[PDB]
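*Asks:* Chain residues, written in single-letter form:
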Amino acid sequence: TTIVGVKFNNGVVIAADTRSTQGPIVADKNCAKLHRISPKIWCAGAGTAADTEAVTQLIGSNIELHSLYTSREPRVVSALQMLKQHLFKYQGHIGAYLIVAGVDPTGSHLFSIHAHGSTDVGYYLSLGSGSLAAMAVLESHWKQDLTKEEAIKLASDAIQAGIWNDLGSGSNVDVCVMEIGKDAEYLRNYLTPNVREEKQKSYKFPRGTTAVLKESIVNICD
Amino acid sequence: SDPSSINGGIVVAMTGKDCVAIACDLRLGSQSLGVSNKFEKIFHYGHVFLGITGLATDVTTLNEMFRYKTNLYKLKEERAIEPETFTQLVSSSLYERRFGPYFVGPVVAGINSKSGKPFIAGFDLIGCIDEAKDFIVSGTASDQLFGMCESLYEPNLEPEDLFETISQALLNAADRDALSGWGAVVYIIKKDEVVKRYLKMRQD
Amino acid sequence: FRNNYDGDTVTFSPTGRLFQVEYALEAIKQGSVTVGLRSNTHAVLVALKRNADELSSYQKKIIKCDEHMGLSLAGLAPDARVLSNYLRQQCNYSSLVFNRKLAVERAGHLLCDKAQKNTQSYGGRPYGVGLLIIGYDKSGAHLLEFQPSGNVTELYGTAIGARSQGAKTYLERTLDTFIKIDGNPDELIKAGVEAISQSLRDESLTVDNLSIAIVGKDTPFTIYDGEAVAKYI
Amino acid sequence: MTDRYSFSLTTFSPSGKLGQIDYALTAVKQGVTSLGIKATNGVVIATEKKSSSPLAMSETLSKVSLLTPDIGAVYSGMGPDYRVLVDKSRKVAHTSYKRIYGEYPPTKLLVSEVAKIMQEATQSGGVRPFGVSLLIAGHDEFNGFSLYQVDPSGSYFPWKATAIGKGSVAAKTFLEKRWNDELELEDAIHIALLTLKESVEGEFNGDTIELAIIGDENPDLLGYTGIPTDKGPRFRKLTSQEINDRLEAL
Amino acid sequence: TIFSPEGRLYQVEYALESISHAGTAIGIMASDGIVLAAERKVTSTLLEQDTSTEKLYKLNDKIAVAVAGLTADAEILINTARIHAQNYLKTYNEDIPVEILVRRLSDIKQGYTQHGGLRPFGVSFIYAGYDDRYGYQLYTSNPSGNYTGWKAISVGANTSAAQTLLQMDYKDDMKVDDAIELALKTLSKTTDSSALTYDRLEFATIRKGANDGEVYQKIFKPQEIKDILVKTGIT
Amino acid sequence: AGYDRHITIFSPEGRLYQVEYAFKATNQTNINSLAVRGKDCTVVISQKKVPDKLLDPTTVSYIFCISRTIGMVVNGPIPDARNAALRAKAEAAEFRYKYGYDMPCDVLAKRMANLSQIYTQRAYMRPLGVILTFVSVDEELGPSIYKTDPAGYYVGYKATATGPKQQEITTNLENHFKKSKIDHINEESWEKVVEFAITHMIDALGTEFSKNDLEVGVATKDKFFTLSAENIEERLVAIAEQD
Amino acid sequence: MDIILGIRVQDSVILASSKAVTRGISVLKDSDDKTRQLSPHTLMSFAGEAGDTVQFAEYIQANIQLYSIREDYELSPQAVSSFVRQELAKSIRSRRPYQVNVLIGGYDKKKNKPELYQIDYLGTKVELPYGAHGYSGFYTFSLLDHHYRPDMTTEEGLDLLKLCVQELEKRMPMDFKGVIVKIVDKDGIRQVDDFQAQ
Amino acid sequence: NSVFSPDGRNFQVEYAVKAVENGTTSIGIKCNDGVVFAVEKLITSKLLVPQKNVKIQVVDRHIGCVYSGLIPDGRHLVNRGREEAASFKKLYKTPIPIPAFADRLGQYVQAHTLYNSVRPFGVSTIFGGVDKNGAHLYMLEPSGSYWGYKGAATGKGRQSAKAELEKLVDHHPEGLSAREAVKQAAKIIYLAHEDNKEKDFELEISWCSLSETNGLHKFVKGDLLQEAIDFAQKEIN
Amino acid sequence: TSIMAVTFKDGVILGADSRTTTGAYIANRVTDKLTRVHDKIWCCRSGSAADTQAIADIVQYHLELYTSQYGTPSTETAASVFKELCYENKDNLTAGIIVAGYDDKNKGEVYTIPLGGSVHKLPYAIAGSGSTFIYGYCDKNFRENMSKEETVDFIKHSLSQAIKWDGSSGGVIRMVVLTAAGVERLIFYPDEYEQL
Ligand SMILES: [Mg+2]
Ligand SMILES: [Mg+2]
Ligand SMILES: [Mg+2]
Ligand SMILES: [Mg+2]
Ligand SMILES: [Mg+2]
Ligand SMILES: [Mg+2]
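Quick mapping for you: the protein sequence lines, in order, are chains H, I, E, A, B, G, J, F and N. Sequence positions in the first sequence follow the entry's author numbering and run 1 to 91, 93 to 105, 105A, 106 to 187, 189 to 223. Sequence positions in the second sequence follow the entry's author numbering and run -8 to -1, 1 to 36, 38 to 105, 105A to 105C, 106 to 122, 122A, 123 to 179, 181 to 194. Sequence positions in the third sequence follow the entry's author numbering and run 4 to 60, 63 to 180, 180A to 180F, 183 to 204, 206 to 207, 207B to 207E, 210 to 233. Sequence positions in the fourth sequence follow the entry's author numbering and run 4 to 102, 102A, 103 to 147, 147A, 148 to 200, 202 to 209, 209A, 210 to 217, 217A to 217B, 217D to 217P, 218 to 236. Sequence positions in the fifth sequence follow the entry's author numbering and run 13 to 63, 63A, 64 to 144, 144A, 145 to 200, 202 to 204, 204A to 204B, 205 to 216, 216A to 216B, 217 to 218, 218C to 218D, 219, 219E, 220 to 239. Sequence positions in the sixth sequence follow the entry's author numbering and run 6 to 34, 34A, 35 to 143, 143A, 144 to 179, 179A to 179E, 180A to 180D, 184, 184G to 184H, 184M, 186 to 218, 220 to 240. Sequence positions in the seventh sequence follow the entry's author numbering and run -1, 1 to 90, 90A to 90B, 91 to 105, 105A to 105C, 106 to 181, 183 to 193. Sequence positions in the eighth sequence follow the entry's author numbering and run 12 to 180, 180A to 180F, 184 to 199, 201 to 206, 206B to 206C, 207 to 218, 218A to 218C, 219 to 241. Sequence positions in the ninth sequence follow the entry's author numbering and run 1 to 70, 72 to 92, 94 to 105, 105A to 105B, 106 to 181, 183 to 187, 187A to 187J.
In short, the hints are calculated from the structure, not lab data. Each hint should be verified, as a subset may be incorrect.
[Unchecked claim] Below, in silico cross-link-like pairs of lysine-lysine (DSSO-like), each with a Cα-Cα straight-line distance of 30 Å or less:
| # | chain 1 | residue 1 | chain 2 | residue 2 |
| --- | --- | --- | --- | --- |
| 1 | A | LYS110 | B | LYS199 |
| 2 | I | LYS107 | H | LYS205 |
| 3 | I | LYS9 | H | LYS200 |
| 4 | F | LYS195 | F | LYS178 |
| 5 | H | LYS215 | J | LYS105C |
Can you make the complete structure from the sequences, with help from the hints?
*Replies:* This is the structure in structure tokens:
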């Protein structure tokens, strides 16, 4: 996994690769690692996949209820506080490593959360097995006051470093852009530089190839 | 030892043109000892199909639990559960036992009865959803299955062709796994009808 | 005024009274007389025991709480058993944890606090017993009177139960004499036995009637009944 | 500290009445009128903002509430009871449904849960029933648009159109006369405005009337783009200005 | 919960009195099916007939109930009955025998009668069901937690009147179709309204499954009721 | 004496008498209070009556600092007042801990109204005989006034008043906003918004105030604070040089 | 190790269970009946951890007998085994799991068929023509794969069983002291008292 | 207890006040650097042991409490104050400020006016001491109401006590030393005993003073007590 | 981690480096280790980041509630709340905290709460893995009643050495100045402090 977060002048961008693995094996070649906590607060996770999704949905649910209750737009500091307190309680057993980014009435925010419940703030971050490849790109090209365009480019380039150099990362790049004035834009498969080449042969079998013992129609109704 | 390797077992699901297929072997073992030649691992709640591999006690338990939960759903909702919804129900049910999990690899197949779109999904033992549109594999021969499927698969296959592909994937993966095989069942699922076929295979 | 206000311990009367507590006080006045008094070196309990029948045992009024402490009872006897068990525990706790003999004053405070909770809880009744507690601690001999209202007072002498007003007036008059009775247990018991006589319409207090207890400087709390009281009748 | 009324405060009387439920229903009667009308392509729920003081800012007190992106509620009766029922309805939509099936409950099932919450205030120890009647309107994929009334006893009924509170009898009459199964949403909103003018004493404008619809999806209210299968809430509160526009051609 | 000097349970009796003001529900059992029919409580033009189920509920695939009393109390009990049927299915891998489900529900009602100081449920049930032990069955339960089995029964308003009518016309050798006629005639004779129209009825059957050897619960759509009301000559 | 007058169950008329009686308790202190919104502030004024000459005047107060940003003025007996204050302080601290931002005035008010609703529905709790007025300069909403009662009702106000002579002050203010046509006081300094508040109380009640007759709380961006007698004195001088 | 065999012929289910109880270096008993009757047409045999074995069996027996009296009816073999599997499935995740494997043989009167269920301590259930728990299956499954026919009589099944016990006596390292054989059919449960020299 | 009357009163609390008014009289006087507490102890009988039925209670080391009404209720309240003071000291390390302590007792007394299953306390409590920023004196009614005081009195002789207290506040506006305040407390207690002159009484004084006791609560005994009695005896005639 | 607090004539100063590591990897080079728990009460954290943040958040909650009810807490009160949390939970915590505060009465104060949950009042304190290398230096160069600039120099020099030798320390030197003034944030970059 490679996930990054990059702040620009009017907002924040997150990006992630699209490969999930079971040990050395690739299960999903194009899964979404970008997750919505609320409309303008988005989230990328590394670690125990079920944990990062569950912790996102739980806190997402509570953030909605809070928002409805208070009649306000959800803040990023609320997502962060609820996440860290929840993860802390579980003393690292919920293996959620998250980059949380978004915009709210108080501005734009970028945070990392570690599974034991510690948090950090920053202008650029990476997590996952590919975080070192991505950080080397970020440390090379990040500058203060980036345009939206520049920030998308940089985040995308960080994910590629992860994709090309880290065996834990691969396939495509997803981006989400959160700008202070606007609706958030989720950009599925922003890059697709890993198209499988056409196979040399077709493997469709002549019908009747498989030996069948018996057969029956299955009742679905009642 | 490893709870997911005691009993054996493989399940594979595939999508085609306006159809899905789901298949499993029939073996139930106890380590080296083969016990049952008739252990089916695929179940169906209305038009939603669920395969489960792993510890056989948990296979049985989860089948009974999902029969329970979908029966109630139908009574309250006054309609059969859809593939998408059921996928979510399996996920949260598994995650509910996060620190004492069922030792299973579930697989969901079916056609949404409103949109007509074919649907498959996979999970890990704690309910992390594998959302993939082509194939899903699970069990003690998952490596062999991934190999077969990535090689054999092409999209938009006619039900009669998809049948061959899924069967050939299952048979050959099973034959390279000591704990899988002993018979196999394949379901071709078309909106309107479902056909079930028992394959002829090596009995070693 | 007495109308809808004596239903529980959790209701004040328009006069600021707690009738359940006042009714509990009435079970004391119904009880058989007991006297307590002390000098600087000893403290004595004298009690008139009461039979149900001429075929029955007279029921005990005196309970030992520790080697240096004990009490007499007037009112509901089973309530005295509850409270003396608590007092026995408090004495015990103090010995075990602090290796310290419980001050008779602290025993008073503990009983007051326990009674109090029952004058404020719904569905619970107040205690219906009066107690006289005697002891010899690190500051000499002591006597206490306990009322189920939770009021505990330290006294040179007192009496509770039916017709006790007689004994009280006697002790009030005898004060300057008995406070000095030091190093003579038998004389103090005699002054106690005489005090309880002013509370007799009954009869002449027999070997079975009479219950005496003593504690002091070099005497553990000890109870005398039967033939052992004869020499005081 | 600790309850002395661990018994039911609602009990049956010799005649079979459940006293406290009747008395709560009388509290609904004294309440400001609210109403609901179901169209072919939407539902409208409407009510009056009877303000307590002209020094009060009536926009800070909504009588019309979103429960899910596709379900809204209105009430007649005791406001504060409504407010807490809304919180619990919002919560129960998540805890009993969304956290299980990853989607929002269909209207009938959510109404069912609210009804349950109200039923329990009718049987449990040491409580009085809720003093409100709710109208709940929503949409869901497999049932389409719907409208439900929920009463203090926990009873619920589906309606094509109804009214609760003060002048509900006259308003139901007015609705039976005007309703048909071919109504577009705009026709329903129009009827809702006409019906509500009979009830309203004072000013009748976009600042004293409160109106919401369950219509089509508002992708501009979603808050994000990029996911085609997500199209936005069907619940929409009409603005003061939007109301005044429909009162000119009234 | 307390007894009267007469040896009666006040709150239970008052709950029963409440039920006699609820719309009549009728259950009739025949050799090849069961009928459930119930009169909807004084409704209005604007009520949604199509998405309304106030008196008839499915408990599982083989068992249904007709309700008389408070609907919200009944939904409480129906929900636990549904759970109970599923627990049994999970435990034994067999559908629950009707009596077992009925006894359970009845025991829950009985509890409120005997401890806890909560009011009883103001509900009477007619249960209609099939199982492989007793075939077609009809039971009734009321707030006291008592239950009895019947060939034909009513609950709610006018039970006395409806019971006499059923006693007269019922015969052991009936087919379901004759039982359909009997239930509607009886509701027609006993209504406190002018006519017994479709919009004021709920109707259901449990039959031998059109053509199969299996069992099917048909909950009648409003249009179906309108037809079956003409057939029997009440229009 | 029917049960419907002793606990919070419905009367045959759908009323809750114990709630109604709790409203009557709110006036038992015979103190009046009013709140107004400035351009970037919110001001609460309450009468301060110290009849007994044995009392320490500094400890007699019906204004509370709930948090750095929220103040609360109470109309009702002090014991119930302090109960509500303690709860609001705890609720405010807890909100900040759990959600990572300061509890808004309106949200605290909604929460206290919710608690009051409960006492309205459960038999073992009596309602608190108080009316709570919450003020702040909300970071999202600007100057704010929210007021909760024993019914669990709450709303936001342009300005508001509470106490036995509530109506006098209310119509005085209603008449002002009729004239100005805006929903706050134009004025940049909190000191002049405080003077407006004192001035209009004087007209409405038809009474003069010394520095010891008054109690003042001011909410600005991020503080809420009360005024000492001397700050109030300075305010009384300024009004006198014109009015 | 504890021999537990079952075989389902056409009209009966035959259970055979070893008679030895061995602790350490001593055979304490050579006549142990590793069985409880659950209902007139259902028999259960068991093997595993020393105490658990009988405690589980008796607990199950109590529960089925309770059902029978409450309902005045006998549960089908399928239902009894489902209930048994559930109990074991709950046990495996509890504080101390019942370490017991069982065979269930029943005659279903409603279907007129014999039925054999094999359930291990985890709650793994399967319906089988023949089954075994422990090491014994490592010999008998293959033997019966060869010799077993679906249309056999009770006498043919007893011969098939004799063959299984002979093999175990020949190849198993432990002296299990012969078996107690029980037949379950329409006329109930009976013990074949002659097997140690039949 | 939880019952509001039709005019918003609580009759139960009003009745609890009658129990207080029935009680012995007790007072508190705030001096320039501390606080003085004094109480009337009725001598029911000669048999009561002198100096040995102590009414004034310490809480922590720097707070005294005196009360009138149901004595056991006052003890119940003081036990709670001690638990409450220990818990503050445990977490915050510093001994509890007097206003902080006042509210603790306040909230606790108020709780007993919320529930039908409890009665209000039948005492008024006068209490206080020295903290980080000076002396404080408080009086607490059965309703949970409390304020700061310059001087406080409760119980049977409250009216005359308040009148003598008011005079001191008038003749000494310039802050009344700890040593004067003790003398005056003895006087005031003597002057409220006029009502209950049928039975004899014993005087108890305690004080907490910055310069006189180092901010700790101490009992006035020995020569200091006798001197205060003599002053009161002289000024009564 | 290198963290310290120093009392001086006008108050107290806290300093820290900005490096956080997991193994030899710098997870954050610009961390803010100086944590405010009240307006003029700050702390430096060492040990488990999860633990010390969770603790600092709870203390901040307690001090906010304290301020609502009772007024400004003393620095001692802050330190006591930290201890309570650290002592009572010694068996699931790896937390070393230094508490620094200013009030008008007590002036500038420093408390250190090492691993066990003990409390120590000190004229100055140093902690974190980097501190071991500067015990000699600090003891030799610290004086009481130093000026602001002198104290700033002492911390700058001390932490630059701690940074020089400790691999787990580095980045920028942050400081917080606590006086009557005022809260003042200071920062010093490598190009300045390495040349010392
Ligand atoms: Mg595998
Ligand atoms: Mg194989
Ligand atoms: Mg209440
Ligand atoms: Mg109450
Ligand atoms: Mg007084
Ligand atoms: Mg370094």
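*Asks:* For each hint, tell me whether it holds in the structure or not.
*Replies:* Hints, one by one, checked against the model:
1. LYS110/A x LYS199/B: The hint is violated at about 34 Å.
2. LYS107/I x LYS205/H: Distance ~23 Å between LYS107/I and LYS205/H Cα, so the pair holds.
3. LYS9/I x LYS200/H: Given that 30 Å is the threshold and the Cα spacing comes to 20 Å, the pair holds.
4. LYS195/F x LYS178/F: Holds, at roughly 13 Å.
5. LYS215/H x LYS105C/J: Roughly 25 Å between the alpha carbons, so the hint for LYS215/H and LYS105C/J holds.
Checked against the numbered hints given earlier, the structure breaks only hint 1 and satisfies all the rest.
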